[PDB]
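In the block that follows, a single chain appears as structure tokens, in the form deposited without the partner chain.
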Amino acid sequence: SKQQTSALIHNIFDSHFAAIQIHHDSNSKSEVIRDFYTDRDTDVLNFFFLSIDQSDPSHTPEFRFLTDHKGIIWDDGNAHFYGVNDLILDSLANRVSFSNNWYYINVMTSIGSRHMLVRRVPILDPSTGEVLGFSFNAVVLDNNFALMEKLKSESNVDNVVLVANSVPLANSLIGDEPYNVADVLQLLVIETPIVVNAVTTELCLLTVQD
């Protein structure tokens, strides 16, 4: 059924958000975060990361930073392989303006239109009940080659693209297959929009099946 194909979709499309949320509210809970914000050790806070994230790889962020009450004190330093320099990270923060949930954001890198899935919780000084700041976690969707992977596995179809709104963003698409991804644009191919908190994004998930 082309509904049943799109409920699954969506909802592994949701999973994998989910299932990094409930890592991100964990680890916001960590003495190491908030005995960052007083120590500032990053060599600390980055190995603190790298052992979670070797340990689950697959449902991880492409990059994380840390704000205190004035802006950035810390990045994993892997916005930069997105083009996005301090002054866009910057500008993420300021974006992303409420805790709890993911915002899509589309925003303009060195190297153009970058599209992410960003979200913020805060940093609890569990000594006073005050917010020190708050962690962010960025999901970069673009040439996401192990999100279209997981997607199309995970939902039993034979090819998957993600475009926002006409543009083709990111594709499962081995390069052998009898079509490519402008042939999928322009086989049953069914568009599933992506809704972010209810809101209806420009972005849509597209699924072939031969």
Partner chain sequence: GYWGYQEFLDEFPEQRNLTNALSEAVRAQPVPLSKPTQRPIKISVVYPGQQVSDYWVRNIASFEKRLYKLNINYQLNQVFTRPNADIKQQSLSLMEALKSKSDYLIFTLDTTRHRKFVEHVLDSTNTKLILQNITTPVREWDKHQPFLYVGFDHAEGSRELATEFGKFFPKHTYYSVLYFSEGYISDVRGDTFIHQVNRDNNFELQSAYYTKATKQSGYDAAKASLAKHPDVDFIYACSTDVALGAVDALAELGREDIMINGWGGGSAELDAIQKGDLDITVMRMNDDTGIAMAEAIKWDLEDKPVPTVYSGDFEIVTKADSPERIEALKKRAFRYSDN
Second form
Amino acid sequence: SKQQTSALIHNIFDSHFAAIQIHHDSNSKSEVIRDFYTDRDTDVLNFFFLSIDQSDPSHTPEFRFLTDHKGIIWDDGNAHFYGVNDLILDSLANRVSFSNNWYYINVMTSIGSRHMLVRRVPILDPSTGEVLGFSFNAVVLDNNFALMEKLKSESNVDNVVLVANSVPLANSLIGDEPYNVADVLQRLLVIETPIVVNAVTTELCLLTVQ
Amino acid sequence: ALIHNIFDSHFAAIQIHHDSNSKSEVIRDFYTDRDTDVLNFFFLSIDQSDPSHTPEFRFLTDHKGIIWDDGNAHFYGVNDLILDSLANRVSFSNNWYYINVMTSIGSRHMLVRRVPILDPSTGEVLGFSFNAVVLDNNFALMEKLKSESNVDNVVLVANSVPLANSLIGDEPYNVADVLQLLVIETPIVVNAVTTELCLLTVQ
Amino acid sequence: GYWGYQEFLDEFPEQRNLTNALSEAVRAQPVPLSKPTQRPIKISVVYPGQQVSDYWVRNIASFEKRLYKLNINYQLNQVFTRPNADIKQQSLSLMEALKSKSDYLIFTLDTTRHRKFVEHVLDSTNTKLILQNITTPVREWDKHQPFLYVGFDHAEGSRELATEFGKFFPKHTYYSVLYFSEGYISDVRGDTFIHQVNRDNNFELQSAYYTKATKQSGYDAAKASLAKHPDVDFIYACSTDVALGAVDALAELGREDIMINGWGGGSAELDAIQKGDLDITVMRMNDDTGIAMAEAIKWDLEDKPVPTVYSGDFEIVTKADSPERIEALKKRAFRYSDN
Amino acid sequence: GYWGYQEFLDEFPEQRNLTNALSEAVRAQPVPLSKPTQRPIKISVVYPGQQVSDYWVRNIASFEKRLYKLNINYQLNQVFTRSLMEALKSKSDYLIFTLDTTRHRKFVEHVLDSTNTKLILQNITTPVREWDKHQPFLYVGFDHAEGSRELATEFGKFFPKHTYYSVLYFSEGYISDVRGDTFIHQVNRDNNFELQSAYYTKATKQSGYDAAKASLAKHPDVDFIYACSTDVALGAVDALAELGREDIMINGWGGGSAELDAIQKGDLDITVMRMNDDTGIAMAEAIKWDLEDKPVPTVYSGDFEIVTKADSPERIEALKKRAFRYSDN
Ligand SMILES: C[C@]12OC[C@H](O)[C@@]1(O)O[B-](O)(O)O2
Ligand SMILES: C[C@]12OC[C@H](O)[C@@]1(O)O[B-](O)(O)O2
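The block above covers the form deposited without the partner chain; next, return the form solved in complex with the partner chain.
Let's see the whole complex now, leading with the same chain.
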């Protein structure tokens, strides 16, 4: 059923981000992160994130950063790879004005547009309830191999293409099939599943092939 | 509709908790002072706070051997000798291992993983923390798999042999009827490797 | 998950043959390119080469030489960083390599950080990927594998060191381990050794430290370790810089009773070997992984199949080796890079 | 996700129609029940309680009085919280609860998915987007975001750009987001105000006190503190007295009796005063329409008035007249 595949696909997408969000919530309660606001010891912070990403590769964000109440105080250096310079990072920080929610963000970079899910979480001092600042996680959807492989593998469809309106942003095509991505875009059982973030439908669609 | 996603999601949840807990000052401190009451309560907090995502047993090692386990292991047939071989079998960290072992009360099908306990300032490895899920007669997991996938019943099978099921005992069929009514087969993949494990759903 | 090197070649017999073929071409004298190209190929290298270890310096020297001797017309952009440092430079260099649509991007895979970058380059339309210093294909990437994984198998080299310490020392020997930073290297060099030594000789690990992959970091972890556990007969180090840092630590504490290994056997390690400061190392036949890359690129240009993976070989070297043995190993190892 | 109150009404023209009709009924004299019932209707209420804020207490008094005036036959049983399980069993016709924590979500979802009880959610006026299939019978309250925007507009007048302030949140959850982060965002966007510090509290006068001390001991240099609830505001008033920092302006949130007394002493500078009794009256009118088989709007928000310490005792008295028309008797 076309609607049963569509529901399956959105459950997989949703549970991938629900796990990244659980992970982010949990690691954000670390004393190392808390203490960084006082110590500003960057060696300790980096070792800590190195350690949790080694523990969990499939749930690590593409990039992350820390703010206080004025601005970004630390970034992990990964965002630059994706065309996200300091300026664009700030704009991300400023677009995510509420905690505990994924935001879909489409920004232009010098290497093209970037399609991201970004969320923030407060870093508290548990003895005072002080909000020291915020931890951000961004997932870059563009050429996101692991997510395309999850959607394909756990739905048992043959291939997936992620599109923004209908520019292709990622796909699971090996290159040995009867069709390319352009053929898929030209609307043999291809199904459109719209991507919903924070209960609001975005410009993104998942296209499944069977 | 797929139990595959729900299954994997469940073990990903367990893993996320384990990774996070192992970074706790509580576990690091236990290496030095061995306050088994503090530790046991720490894990009680987490367990009753999330009864759905908790290992059937836990243990801690230092480089010499096992320094603590939660008491649960022996009830599954996992005696001290077998616990010890589990520790040595799981020789890389951060990865699930599918282990099947003979115990005195029957074959045991498990997923085991370990994570190093580190001093975040010195870089010292104090030891390792393990989590194990016993798959045999795991009713709660079978119940979670059944309700979250909206199927009528679930049977877990290790190489054509049943080891857990969600059957109530009143339905117009038994587990034997399931192995030869719409049944679907979903094999389990562990650490990128397809296992002998298979989930059989009924509608 | 990763495939073991032999495991991967045994699983795909066709890959064994491709790899075998590549080893022959690396061993044999250069057969120049048989299909000239309409423009130079664009090669980008992003390596953690700013180390006391000359592995990465020599890997590129030998690669370029072979590209030259193969009459391959190329341009090479080369960026070297420190391990765990120059993070922004590293992300920028990778970005610039993809932006300028390099034909080949030569990189590495130790951490989740590297993995995420590589996952974003896998479906690339323009850039092929060579991952240096890894020879264990990622299972999840089957059917979307990079152009080449190339290196000296970490496990094999750790197995060889483990066998040798197994013979030097009696059962239940006490040792400590100085890992690299967290990641693939520490897992395949360090945990491989620990595992084999524990099950075969009942050696007893007294302490282990992750480090920052530097000399200073090795010095500091060695001092901290021996402060808590002075009663060890050896220290297993997972990398060159870490090992040489530990060397300074044992001297500062007057402790060359403790045996310490190197890992790799480049120039600085060889000097420390012949000087008596390192007791043992696993020596890589270095230049073969630079050469294999040039040969792999030649094959791609002549439209031939290229193996997914290539590992070079080691020789064991001790402080009791003659100046004759070393010199002859150096002529094998540094055949292009010394010349 | 949540719809904004006006956003929801704009999205669903039928829902605006229905909310307007309810606002009007609330405004006009009680028109008693057309369809008499077979039994007395059963209502369970589960409210916070033990609060300096009189919102919940007054809400029940306003509700019962309008129920009496419409000639509804009810058995009202109430619980104030220092078990939602103990409430489930009683098989009521209307359950009145609230939604702030993920713990409330878990329950509401269970009540919506596995019961017949018509659910009224008090102190939330922003419909959950994921429940567009089966929305609660009524979301009723005074819109948190609207009240915060009003407080923000006022502060934006009293202080020049780049002014320093701190924030005392409620406890973590929905109230903190829609009162606190709404205020923070507007004042930052519009007035270039600069936030020095923010603290989550335990939603008590005690923790309001403690948080302000902690805040001022670490960031003494603010011109105002924005508080997100009544009890937290009044705790912070004490802390300011104790530290002798009445140079620091502070707000109330709700404008109940205790806030009004504090306003009149100049302990509170400003508050956003809600026309309190309207939401007690709305719930009665909503129950009546249900009993008359009439459609009932998903969402109802009452109105606010801005109150400052400069206001006449006559202005205050005329507001107490409208706001507590029922619960003052
Ligand atoms: C190549 C190399 O791997 C890790 C580190 O980068 C290294 O240069 O150090 B070493 O020479 O031990 O081997
Ligand atoms: C109704 C109310 O919401 C939060 C808290 O419960 C409260 O009673 O306190 B308050 O008057 O600020 O508003």
